[PDB]
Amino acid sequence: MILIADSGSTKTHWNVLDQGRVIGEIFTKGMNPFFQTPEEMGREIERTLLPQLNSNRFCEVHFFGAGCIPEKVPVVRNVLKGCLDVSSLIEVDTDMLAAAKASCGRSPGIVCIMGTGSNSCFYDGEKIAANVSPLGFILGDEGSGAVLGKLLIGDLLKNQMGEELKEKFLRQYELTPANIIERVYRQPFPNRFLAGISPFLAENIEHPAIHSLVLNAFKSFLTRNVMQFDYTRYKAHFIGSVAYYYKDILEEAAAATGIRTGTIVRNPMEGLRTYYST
């Protein structure tokens, strides 16, 4: 049996494959080693992963997660080693490489993540050969859920979208300006708060201000990130909730900027299953 994980901001998605079949699909909390200690990760595995596994024993583990850079790989691997009995290999790498394997397989492409955060890289068919550091929801992460949320809230409360959308938004999420400021500046994981109010955009996509905010945000991600790669030579592939929920707009953004899209999918898990059983 093999265990596969893609760990993002809000969640870790796990699949168990055996004899090329899916025999388990599991959500846990996100497991980013910058935000939690090994002890916390190990306890989270024990609490919420193990109860949905049919064994502690795996041939292979492939764990892909935000924040799993070379510095942090050993730490994560030792947690996985301590919790599971792995006979052969324990791969730990980034969510970016998950998306690349999922979307490109063994051939090159430009690969982007558009979820709570965003990211972009060039995958040479084996590994990530180049990348644009995302920089997070304040400084960067163009086109991300948290950035979309940031932009939306700023425009709403600044009376740039009119009174209808502003009041609809505040009433829908039962927010006040004061609540929002508190959340965004003085409460943990503002990026997750902002990404969680971002679905308003998809719900209201037919309104001009809403369409423009998304289109402009996407064009910004493309010009600032994807266009640093050789985008006239390679397809650009997109993985994540935002790539999927705003697919038509992403395609409009790509056509406006000259980018050639490949795969646009919700998450890398479907790709990885194909990757590991073919």
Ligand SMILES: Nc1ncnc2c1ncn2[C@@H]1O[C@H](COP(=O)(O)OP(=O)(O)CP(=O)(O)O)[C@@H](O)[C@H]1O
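Only residues modelled in both forms are compared. Numbering follows the first chain given and starts at 1. Between two forms, the rigid core is the largest collection of C-alphas that superpose within 1.5 Å. What changes on going to the form deposited with this ligand bound:
- Here residue 262 does not count as shifted, since its C-alpha moves by less than 2 Å between these two forms after the core is aligned.
- A movement of the C-alpha atom of residue 25 reaching 2 angstroms or beyond is seen between these two forms when the two forms are aligned on their rigid core.
- Segment displaced between these two forms is 23-25 alone (run of at least 3 consecutive residues, each Cα moved 2 Å or more after rigid core superposition).
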Contents of the next structure:
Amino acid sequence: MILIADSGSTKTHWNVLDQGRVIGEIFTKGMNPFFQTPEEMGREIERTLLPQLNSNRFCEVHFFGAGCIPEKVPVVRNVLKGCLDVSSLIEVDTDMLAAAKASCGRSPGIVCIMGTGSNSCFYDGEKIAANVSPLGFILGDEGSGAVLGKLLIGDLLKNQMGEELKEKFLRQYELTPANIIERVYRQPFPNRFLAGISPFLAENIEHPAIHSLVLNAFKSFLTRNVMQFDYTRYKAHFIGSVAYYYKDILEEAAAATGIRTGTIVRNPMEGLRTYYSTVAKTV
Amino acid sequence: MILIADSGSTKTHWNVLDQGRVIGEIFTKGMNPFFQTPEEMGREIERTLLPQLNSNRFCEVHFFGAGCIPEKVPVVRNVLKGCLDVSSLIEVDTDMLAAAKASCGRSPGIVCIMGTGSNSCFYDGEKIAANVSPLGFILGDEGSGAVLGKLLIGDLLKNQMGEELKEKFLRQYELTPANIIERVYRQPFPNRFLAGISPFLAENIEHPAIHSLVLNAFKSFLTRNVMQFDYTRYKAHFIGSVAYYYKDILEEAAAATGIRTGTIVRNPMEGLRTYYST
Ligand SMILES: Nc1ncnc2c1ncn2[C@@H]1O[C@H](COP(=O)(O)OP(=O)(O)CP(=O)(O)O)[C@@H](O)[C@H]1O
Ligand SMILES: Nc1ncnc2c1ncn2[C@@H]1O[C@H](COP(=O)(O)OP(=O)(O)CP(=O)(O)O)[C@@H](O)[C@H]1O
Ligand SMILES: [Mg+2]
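Counterpart to the form deposited without this ligand, namely the form deposited with this ligand bound:
Zooming out: every chain and molecule, the one shown earlier first.
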């Protein structure tokens, strides 16, 4: 009856709300209109989503994703209307707004995403009222998986972390220094590659130098992004796998910088379902 | 007459030496064999160097450049041989070895380059004996023009430096944030773009936040790169426009970190002239 989606770098999460039930665990590839053509997006829904659905008939669709800024929402709406039989309404907005709806519902707060990339905004309870452009894995995106990966690879290859952790990393991911350079400078989606090797931090978090890398990265995200908003007045909510799997260090960073922490959740899907059952039910 | 050259990402510096005199000072574009075919290098030499010479006869050529690793030495040497009339010797090596010969001559030393990129090595008096791979403008290249540019843009756009400096930057270079994202992530030579806007720091160095940016970047270069070497035994030499035009801050970084600076020079040409005169 209702279809909801949150689209990230790696995957899109789809949920169906129908007759008081939730059907989750429906995944496709990411669906970012800055990186995919309308025919690529259409091909992807047709081939990978529709087979997982009993029907393509829906009352409403609420699609959220990276790249679904104003300029791109008509494109995405178009793709969806061509694949799905939607009787009422198709909403398209950003992953950030999904994170806000999930974590804050209908009330105000500071909302942050910490996954492959990172992002932060002020949500007024209805819409994003302010935001800090992340700037990508090179210039910004502090605390993201990609930046964590960027920091780690720099530390290991420059021998900042000793021989053992370096060789353990290269052996684990079957990388040479030459391969890493190739992938970072000369292949598509280097941010994805870097994020993909960042779990090495969580696995080795016991090492003081690893713990420190993560702590400093997070402090950097908070001071450069979150502290731009009225943080002494509003809780900051965090959504994403980086936020979640390094939750202890994120709280440590917040205590050290002076930020009131709120929700820390792995993904916004549970919160979005709450949104569409409770608050958004009425409209 | 002998011809000496030091080639980086921006320029190739050439000197003609004859009878104890420097007979010409000539610039062409950079010639990196990883970024140019042998053909393209030949054309650039013929079109831009040769018109600036009054003969193409040299006893020796000594060409130093980024990318001129052993793998590429035959390719570069062949282009030079096909463009010039050299009687005795064509030597081809790295910009790093040029910095070493210039700053150290025949004595050991720690040698660093701080230009568009950065690099650090130990020179044993004859050849480079050890080095720290720079890792490029994303992963490494601490203290480089590219990285200074990267730090600046982040700081300005994320409002860490005030509104005035941000507006001044965007106005000066006729840039929007959209343009910047485009140039950094989706256009060729993003490191060159970043390095190309880095002079804004030198132009605004009296601003505390600007000075702070540069000091911290230099500290990071020293701790991550130079300190890998036997720096209490050898003084560290610095070659490059970034090392030169931020000399005072580099010395401050060095004193803060316990590194003993030697030579700080804009480029190795002076030193290379001394080298070939002994
Ligand atoms: N168990 C785990 N331990 C450590 N890191 C993990 C992890 N599971 C995932 N990650 C890391 O989290 C990052 C991606 O998390 P997430 O799935 O939230 O990103 P995403 O790309 O879908 C959101 P966006 O694109 O909006 O930033 C990657 O860096 C990944 O390696
Ligand atoms: N007067 C000046 N003040 C500050 N920065 C300067 C400068 N002149 C050049 N730069 C910057 O220095 C960087 C390059 O340094 P340099 O001039 O040594 O060239 P390079 O590193 O490409 C070696 P080569 O000269 O052989 O090409 C660029 O970011 C450039 O804009
Ligand atoms: Mg120059």
